[PDB]
Amino acid sequence: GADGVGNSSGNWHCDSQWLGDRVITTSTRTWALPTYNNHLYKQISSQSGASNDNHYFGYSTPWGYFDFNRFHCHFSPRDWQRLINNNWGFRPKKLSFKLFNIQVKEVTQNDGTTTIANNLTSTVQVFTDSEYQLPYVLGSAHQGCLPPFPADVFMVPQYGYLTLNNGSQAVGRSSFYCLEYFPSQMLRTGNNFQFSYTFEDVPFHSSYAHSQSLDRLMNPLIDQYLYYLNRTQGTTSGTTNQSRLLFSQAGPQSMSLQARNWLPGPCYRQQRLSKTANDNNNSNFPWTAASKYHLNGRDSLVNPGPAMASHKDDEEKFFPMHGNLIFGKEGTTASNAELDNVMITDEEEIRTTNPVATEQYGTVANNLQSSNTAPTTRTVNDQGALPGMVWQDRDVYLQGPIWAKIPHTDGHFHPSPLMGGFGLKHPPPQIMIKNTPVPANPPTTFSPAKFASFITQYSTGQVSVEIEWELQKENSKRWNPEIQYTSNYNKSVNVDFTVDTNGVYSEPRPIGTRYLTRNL
Amino acid sequence: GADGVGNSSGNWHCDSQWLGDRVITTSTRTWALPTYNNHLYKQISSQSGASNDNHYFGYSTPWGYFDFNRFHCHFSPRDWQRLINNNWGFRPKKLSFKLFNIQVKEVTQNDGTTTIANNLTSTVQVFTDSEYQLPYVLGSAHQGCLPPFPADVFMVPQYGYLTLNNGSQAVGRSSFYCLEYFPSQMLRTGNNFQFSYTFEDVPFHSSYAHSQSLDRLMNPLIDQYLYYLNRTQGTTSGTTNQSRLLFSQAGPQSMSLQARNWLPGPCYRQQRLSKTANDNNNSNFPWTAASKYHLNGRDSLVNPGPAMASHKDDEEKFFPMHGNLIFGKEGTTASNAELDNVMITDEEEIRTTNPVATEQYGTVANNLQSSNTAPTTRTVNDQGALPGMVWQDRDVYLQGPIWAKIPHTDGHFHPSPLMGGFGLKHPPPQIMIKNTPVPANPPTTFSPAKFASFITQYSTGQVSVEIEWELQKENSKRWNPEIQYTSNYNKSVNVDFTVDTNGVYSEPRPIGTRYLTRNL
Amino acid sequence: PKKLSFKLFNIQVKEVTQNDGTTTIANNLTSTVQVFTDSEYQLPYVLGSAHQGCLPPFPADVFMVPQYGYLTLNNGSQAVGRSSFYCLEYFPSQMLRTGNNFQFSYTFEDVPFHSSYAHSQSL
Ligand SMILES: Nc1ncnc2c1ncn2[C@H]1C[C@H](O)[C@@H](COP(=O)(O)O)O1
Ligand SMILES: Nc1ncnc2c1ncn2[C@H]1C[C@H](O)[C@@H](COP(=O)(O)O)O1
Numbered sequence: 217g218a219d220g221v222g223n224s225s226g227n228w229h230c231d232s233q234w235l236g237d238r239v240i241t242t243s244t245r246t247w248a249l250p251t252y253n254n255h256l257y258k259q260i261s262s263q264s265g266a267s268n269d270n271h272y273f274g275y276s277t278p279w280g281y282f283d284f285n286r287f288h289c290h291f292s293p294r295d296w297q298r299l300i301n302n303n304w305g306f307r308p309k310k311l312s313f314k315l316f317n318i319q320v321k322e323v324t325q326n327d328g329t330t331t332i333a334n335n336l337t338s339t340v341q342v343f344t345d346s347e348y349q350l351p352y353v354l355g356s357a358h359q360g361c362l363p364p365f366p367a368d369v370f371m372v373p374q375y376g377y378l379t380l381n382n383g384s385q386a387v388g389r390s391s392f393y394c395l396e397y398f399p400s401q402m403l404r405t406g407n408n409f410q411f412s413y414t415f416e417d418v419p420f421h422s423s424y425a426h427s428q429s430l431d432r433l434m435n436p437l438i439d440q441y442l443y444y445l446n447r448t449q450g451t452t453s454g455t456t457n458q459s460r461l462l463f464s465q466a467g468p469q470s471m472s473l474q475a476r477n478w479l480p481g482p483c484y485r486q487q488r489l490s491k492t493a494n495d496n497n498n499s500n501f502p503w504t505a506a507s508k509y510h511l512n513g514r515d516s517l518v519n520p521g522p523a524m525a526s527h528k529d530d531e532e533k534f535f536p537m538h539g540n541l542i543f544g545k546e547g548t549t550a551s552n553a554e555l556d557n558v559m560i561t562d563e564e565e566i567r568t569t570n571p572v573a574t575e576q577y578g579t580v581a582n583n584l585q586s587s588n589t590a591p592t593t594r595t596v597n598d599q600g601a602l603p604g605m606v607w608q609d610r611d612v613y614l615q616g617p618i619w620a621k622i623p624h625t626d627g628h629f630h631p632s633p634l635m636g637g638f639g640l641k642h643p644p645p646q647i648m649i650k651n652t653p654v655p656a657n658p659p660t661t662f663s664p665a666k667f668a669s670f671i672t673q674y675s676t677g678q679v680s681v682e683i684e685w686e687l688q689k690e691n692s693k694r695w696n697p698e699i700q701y702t703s704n705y706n707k708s709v710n711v712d713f714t715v716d717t718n719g720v721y722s723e724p725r726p727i728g729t730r731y732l733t734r735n736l
Numbered sequence: 217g218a219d220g221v222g223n224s225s226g227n228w229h230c231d232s233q234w235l236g237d238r239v240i241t242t243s244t245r246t247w248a249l250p251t252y253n254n255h256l257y258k259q260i261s262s263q264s265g266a267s268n269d270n271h272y273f274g275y276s277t278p279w280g281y282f283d284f285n286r287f288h289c290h291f292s293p294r295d296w297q298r299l300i301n302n303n304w305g306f307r308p309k310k311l312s313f314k315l316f317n318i319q320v321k322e323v324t325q326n327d328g329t330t331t332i333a334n335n336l337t338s339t340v341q342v343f344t345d346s347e348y349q350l351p352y353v354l355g356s357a358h359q360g361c362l363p364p365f366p367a368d369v370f371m372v373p374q375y376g377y378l379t380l381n382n383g384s385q386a387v388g389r390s391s392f393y394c395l396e397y398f399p400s401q402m403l404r405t406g407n408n409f410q411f412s413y414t415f416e417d418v419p420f421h422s423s424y425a426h427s428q429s430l431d432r433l434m435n436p437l438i439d440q441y442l443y444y445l446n447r448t449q450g451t452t453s454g455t456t457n458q459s460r461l462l463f464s465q466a467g468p469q470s471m472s473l474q475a476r477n478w479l480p481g482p483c484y485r486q487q488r489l490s491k492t493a494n495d496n497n498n499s500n501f502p503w504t505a506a507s508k509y510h511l512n513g514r515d516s517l518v519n520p521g522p523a524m525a526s527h528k529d530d531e532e533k534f535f536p537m538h539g540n541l542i543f544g545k546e547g548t549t550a551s552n553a554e555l556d557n558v559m560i561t562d563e564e565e566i567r568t569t570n571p572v573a574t575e576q577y578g579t580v581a582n583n584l585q586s587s588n589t590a591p592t593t594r595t596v597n598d599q600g601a602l603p604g605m606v607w608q609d610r611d612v613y614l615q616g617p618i619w620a621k622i623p624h625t626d627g628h629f630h631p632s633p634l635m636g637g638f639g640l641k642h643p644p645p646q647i648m649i650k651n652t653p654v655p656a657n658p659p660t661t662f663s664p665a666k667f668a669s670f671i672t673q674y675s676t677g678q679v680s681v682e683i684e685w686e687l688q689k690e691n692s693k694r695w696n697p698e699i700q701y702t703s704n705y706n707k708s709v710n711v712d713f714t715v716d717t718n719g720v721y722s723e724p725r726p727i728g729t730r731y732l733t734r735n736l
Numbered sequence: 308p309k310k311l312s313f314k315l316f317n318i319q320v321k322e323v324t325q326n327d328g329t330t331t332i333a334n335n336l337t338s339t340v341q342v343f344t345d346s347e348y349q350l351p352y353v354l355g356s357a358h359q360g361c362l363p364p365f366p367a368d369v370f371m372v373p374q375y376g377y378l379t380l381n382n383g384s385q386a387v388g389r390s391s392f393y394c395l396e397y398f399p400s401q402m403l404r405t406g407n408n409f410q411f412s413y414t415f416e417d418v419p420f421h422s423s424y425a426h427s428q429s430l
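If you read the sequences in order, they're chains A, B and C.
With UniProt numbering, the residue at position 111 of the first sequence is 327, and numbering never jumps.
With UniProt numbering, the residue at position 264 of the second sequence is 480, and numbering never jumps.
With UniProt numbering, the residue at position 101 of the third sequence is 408, and numbering never jumps.
To be clear, the hints were calculated from the coordinates, so they are not data collected in a lab.
Be a bit skeptical, because a hint or two may be false.
[Stated by the list, open to error] Heads up, incomplete: computed chain B residues facing chain A, CB under 10 Å, no partners named:
id : residue
1  : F273
2  : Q688
3  : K689
4  : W695
5  : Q700
6  : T702
7  : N704
8  : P726
9  : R734
[What the hints assert, rightly or not] Stretch by stretch, here's where chain C covers chain B in the computed footprint (C-beta under 8 Å, at least three residues):
id : stretch
10 : 219-229
11 : 356-368
Note that beta-carbon positions come from the ideal geometry of N, C-alpha and C, so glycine has one too.
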């Protein structure tokens, strides 16, 4: 598209309607972009002896980027409700990215007054990493996404990437990337940017919860025709009754003893924590007692491990040591905030397919029992994969991640984003943005010296993201009502999901996705 | 249709699927029919001096009838949920009635043993009052409908009608009806009955509740340009300031004083009752203090009067003297049951359009105020209709009535069934049923005497009712979540809407229809 | 497995009466029976749990048709709000009198051959 100065290069498209078979979410926000790194690429690295498991090496780029890898970027509270309460599952389909109404303001600090004006002849630069040649930095829960509330304005984040490193140093195999060596479209006021993307085939999310259990799958009325051993010694114990091999036919009575066809999902035990700050051990163990992995001799915390249940029945107070995603309430410092200032997510719908995160896995034998030796039991704390296991993945919440770029390696197992969502080989490419550097005043004499005197300026405009969603409708013969998400009809202070007395949108609680029931 | 003995004349069609634009409810139940009134039409009437406001005159017919004027006859608990939580409104469209799998069993009491067998050569008789010539006895909350639970069997009710009466006596203008003077189809085993009906145009029900109020409709920020009088005397009161006419311009501050364009709905004050059996007056006033009407010098209790709100804000304990429909729990005598044995329905969603049932209506002047006379106020307890009034009708619950035959008179006002539902000029006609009388053993000598010796027999079979429902989808731009009906996810004793330990379906609570919000 | 053909026939409905000390059994011709197949897989699948009531190994043997019972999500002896109650009457079913029959055809999906072999080599 190509138009003029006094002619808007786009309209405000923010709406969503339903097709019963699918739903299209249109979102528009206002963005602002500073000049990052002073038009410079900078080599960043770990502090000279400041930390060990946090060593790193990379670069800081003068470029910014757009992101909307949060569900609340596209769905409104209400829409999310309809979605959750009605559909077995859902998925992404298409994508439409649009940049418009661009304005480049240049600022000057004269005396003690900052004046801002229009630099019409100035441009901005956009390009999309569709060949996936730039390090994919999205899908890491970073901030700078689109505001949940449409009326809010946001600052466009800065691009920074990491590389292979040996402590504070780097290896010869490390990689340096210049985004200037990429063809980019430059835009003046009245120019716009267009982009269309098509999601790959990716399994529906589980917007459902099982009404049956793995162990409670059989028939309560009929007995099995299979036999198991339940008595090794205990006979008609009185006279001459040491031991005897006795077998029983499985019945509704021997419910946790019946033959089985399937196993629970894998596991990686997490430490149990209480929300009550006195049930816990009087010691600081969020690192020395937490489950972690290490690569290249570098410890890294296994935060959202395999999908495991948060708590067993009749507790609802013990959450796993970081066994789930925790969201921070609006207005709360990034450094050591209170327990009443965060929102911990409960994964208690997957109890029927998944092992409890804090609890064990089960029992394993590890000896040759006999008259000479007593049978030994081992408590299994870590279980790899097994032929016959079935599990449910995590959950997506209104403010959770949407997709994630599956790493390009030789092998993957069950490539679903650990933080939750859709694992994509080729995910919505990265869209870069940056203000074209404008040389300040040059000398009448020639200078070979690198240019570093530029006019200070920032850009602003609108951005629009349209996404189509395929839906999986609900087909259940459940007689009684199922559970639905709802607002408290009671007389209330402030309205859930709303601005306050001085204009600040706030998301009260996290929103699960599993409210509807399907069988096994 | 015409087939044989060992050939079922129909299948069990009980299911419901959705079309997003409409929903079709198919229901099948098993019915049983005795021989009523001993194959006789009987003249019934009021007891010789047993009651005065309960005097009556009519007849008892040997016929039975089919009824399904209850929503739970067609919708399952779950379906009702989907319906309620998703649609602005709904309505009836088509109808399909089917009778089949008929069996006529004749019983004989020989000694002390009742033997039951097959009388194949016996018939049953059906016909549908489509000319509306038989007194419409449906839409009166009578019992004998189709069981909420599909597995339950029901007894087919008996037909009885009333006529014009003068106390215990009747007038010459009274009417006697013989259902034998109607053409009816007789069916043997293997015969079936078919019937299709088409609902008329009738306004959608309000499956919504207003998010705005009548008095709270204007703009909170801007002031009106209209003026009202708010001060008659109170001036700069000190010296020589008796009285002065002063007017104010309506503002957000004068909120309950601003000019108005609309009025609340009509009213007929009801007496206030408390659920706490000690707040009330120590006197029995359910008749001597209740609002009632009288025709022909006969008192009749105004049970579900005009649609009025049950209680004002911050109470939820005071219900109107019969100002709403009350349902009896499963297993509870018809005579003086406990308060904890009934379900009282709350009409607290229509607070914004309707006057409170127990509270007053407002203030009216009734004198010519002056220096000589002080202004007089009258508390209005009864308000007819008024140009500019707007009201919401009652509500339909999972177990409430569906339709009602609007009486054929010279005039109607707002012909909506007082008990709630769809007022129909021509509602689903009455379907009659009766076992064809079989003469027992006759004498070898001729007798002119009326025959009264018959073989005792009862009929049984299946019945199927299919109804199509037009839906009005939800189109709201509400940002925050709306309230939804849901089951308590908590650890529970018995499951809501389910059979118990010995096989008895029970409906826990009444189900409203207004969960979604629309503006004014 | 590849294909499947299910057929019900020669149905007879006998009704019994205990009069004095003698049980008499006779024919109730006008009586029906009801069949339906969960093809939408909406009823809890209770098969494949080694239960009894299958078809007799020996053809000459007669068998009793088992009863349907299912389980749901539970919290000890209690149930959760997310539990599910199923009524098989809310399913369209075909009713049969004497002389009526039931027909059904099914097609297995692609599933790897079973190992009717044993390796002559070792790992
Ligand atoms: N989010 C997501 N994306 C892709 N695949 C998923 C996902 N979640 C579960 N799976 C399953 C579906 C396939 O059966 C399997 C392919 O693994 P492979 O290692 O590709 O053979 O992985
Ligand atoms: N249930 C029902 N049936 C029919 N009409 C209804 C109903 N509820 C409200 N109304 C309104 C709709 C029309 O504007 C008006 C016709 O009244 P009339 O007296 O017919 O001129 O009555």
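Status of each hint after checking the structure:
For B:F273, the interface hint is violated, since its Cβ never comes within 10 Å of a Cβ in chain A; the closest pair sits about 45 Å apart. At a threshold of 10 Å, the smallest CB-CB gap from B:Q688 to chain A is about 14 Å, leaving the interface hint violated. A distance limit of 10 Å between C-beta atoms decides the matter here; for B:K689 the minimum to chain A is near 9 Å, and the interface restraint holds. With 10 Å as the threshold, the beta carbon of B:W695 comes within range of chain A, its nearest partner Cβ sitting at about 6 Å, so the hint holds.
Because the beta carbon of B:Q700 sits about 4 Å from the nearest beta carbon in chain A, less than 10 Å, this interface hint is met. Nearest Cβ of chain A to the Cβ of B:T702: about 4 Å, under the 10 Å cut. The hint holds. Hint status for B:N704 relative to chain A: holds, with the closest Cβ pair at about 8 Å, below 10 Å. Hint status for B:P726: violated, given a least beta-carbon distance of 13 Å to chain A, over 10 Å.
The beta carbon of B:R734 comes no nearer than 13 Å to any beta carbon in chain A, farther than 10 Å, and the hint placing it at the interface is violated. For the stretch 219-229 of chain B, the assignment as covered by chain C holds, since 9 residues bring a beta-carbon within under 8 Å of that chain's beta-carbons and 3 suffice. Only residues whose beta carbon comes within less than 8 Å of a beta carbon in chain C count, and the stretch 356-368 of chain B has 3; three or more means the coverage holds.
Hints 1, 2, 8, 9 from the earlier list are contradicted by this structure; the remaining hints agree with it.
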